[PDB]
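The complex is shown incomplete by one protein chain, all other protein chains being positioned as in the whole.
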């Protein structure tokens, strides 16, 4: 290609016309695989309108369109190209076309793409922002004001959003250098708050980068649903990592974690660990850490001397290094004459040693799930198919397949693994690996394969968490990324494949299958728990957690889109009746663990979709309120809480998580809607308070008090009803003792008075207490009588200890009442 | 009573939904065809835009030549 490029360049040294335009159009293919000066001189003449005007028909707009493709090709070659382009004046030369008159919107839209490839390197954005004379930033700002079409105001916004990210990293560096070097007074909460605020912008401008910082194809329109465009896109992350490297991001996070003032701050440790967590979830991000390998170790030490993020990062970096070594071994040494070569035995031994602790198997199975890193082990077996290298590879592949949950490597490698497992029928480590990839028999991962996976699960549902039924962990992992989109990001375009996926799920009987999966998983951990297999190995725990998470994600994806805006009703009372028991079994211990907590969040999210789908007009009729999607879910949850003596403390956590936080337009809309539905289940809510009042347990009592406070803070009628219930409990407790004899005070009475004292501290409960004791309601004289009894008890104390607690509680109640 | 109402709901609803699902599919296909038509309309539009820009540029060239 180089020889061809030399011939073309020398032939048209001074030739202009159709031949020159043909050469310009042909060059970009050649450059893929001092001519740079001549190429730069050619590029600046193809962008000149004074040369385009002097050419015949159809040859004048093909010279300008072909001059914006030499920019996108010369800049990507390296810094030596961008430096020459900037020295020639590409920034100013690309703005004489956008500002020019009568230019079509498809040639202006191409000049933006040439500029996006110039400011994509740190040498470029320095010249774009700081003028060389007006800068390019000011020119683009003026260009936005001018009236443009829909696709030109969208292309110019991507350049602006990319410039913002470069200017949030520049202020972080200055702020940190001034914070640490100078002061360490000036280290106040009005200055640290900027650091946490700036570090939440870096995490925000990289999560939304693929959507608001890329240049869309010329034939794509900014619609909220993606239609009429090429399917491919561009990856912005290499540029972002190029900016982070130039600003020395890692050499500064270590500075914030190694300074007397802000290292101890819990809000800065958490803020900087969310950028690092996101950055290490990709192959490009993990390779970013190993580029400056010296600065990564110091960061690990700084994060470590202060929960297992440092250990996980160390394991991931070691795993990636070993994988790179494995790939490099089969390149320099194409043929392995010595099967047991010492270098590869050492590499395999280190990889095997990493996989002992549970935090090591979650990092070995994570790096191997990115790109095509699983090919090294398959190649190592195929070369040798015993050798010791074979055994280690078999063990490592079993580990990766068992542990990893993002099964995208299986869409291409499942063909090799199955035939390799068929080849060796006597190895006990391959007869098990072939059982995991059982559903993946002649399967192509699109929507058309969803019914096959659902059919396989439906058939082999009887064997869950058994040696034979280990293919259900993979048949549910595969089905959970084909049809379940990742969480939405602001600025996205709603792809229409995800609606068809959910339609296919509903057509292939996904609902019943997933309900059966959840029910079967529930009735193993509780009734068949008599075997007391309480996660004896790391397999029984990880497998169960993965199945639970996958089923929950599928259920949430189906129910969110189905019950989106209350268009359609839902009455199947099986989903909000097995999520409670799953919460009791799994989320029983905060939960933490980064996996037990997410299950609770998903359970709450699935339960909450029954409230959003509500009718705001049919809020008066008794039939329309007692048979709503809200009321049925609430009845099922409340009944489920009061069905198992063991399931009380966990149920109160669920009830607390459902209800809104204790005490503008949307705040009152939901709070009063909650009280309207809660009023129907009066007998169910009253049963919670009375049943859990007669027990002795500090966590249970504290949860009960918190729930009472929340329900009182909801709205007024519910608070009054709860106060009626509790004071009626007081009335019956004091009426249980015969008035003929001396009044009997028990520990239950002391607990009840403590409950009244705890409730009375809140103004919302205060108003209800005052309204009830005022006696305005007809038939409200009993509460006045019981208050008079309390006053008489105050006037007539005693010497008993229980009498002492009663007197102190009643005095505290009266003190709160006087306020 | 309730059982007869449920059975009638079952029968008539399943029948008429099965009948009108096909017309819903026809509507989807018609919208897909309309989107295709819009695609070629767009393509023709930018073709005319480029050709017209060529015409203006050669007109301006003749202008600079004559003056």
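Order of writing sets the chain letters: A and B. Residues in each chain are counted from 1.
Following the convention adopted for this analysis, a residue touches a chain if its C-beta (ideal position, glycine included) is under 8 Å from a C-beta of that chain, and two chains touch if they have at least 3 such contacts.
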item: Which residue of A:224, A:620 or A:661 touches the chain not shown here; value: A:224
item: Hidden partner chain, touching residue among A:322, A:396, A:502 or A:653; value: A:502
item: Absent-chain contact - pick from A:562, A:642, A:793 or A:817; value: A:562
item: Touch residues of chain B, complete complex, unshown partner; value: 3, 6-7, 9-10, 13-14, 17-18, 21, 24-25, 27-28, 31, 34-35, 38, 41-42, 45-46, 48-49, 52-53, 55-56, 59-60, 62-63, 66
item: Chain A residues that touch the omitted chain in the full complex; value: 102, 105, 149-151, 221, 223-225, 227-228, 494, 496, 499-500, 502-503, 506-507, 509, 511-512, 561-562, 564, 567-568, 570-572
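Simple rule for what comes next: only the chains that are shown with their structure count from here on.
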item: CA centroid of chain A to CA centroid of chain B, Å; value: 35
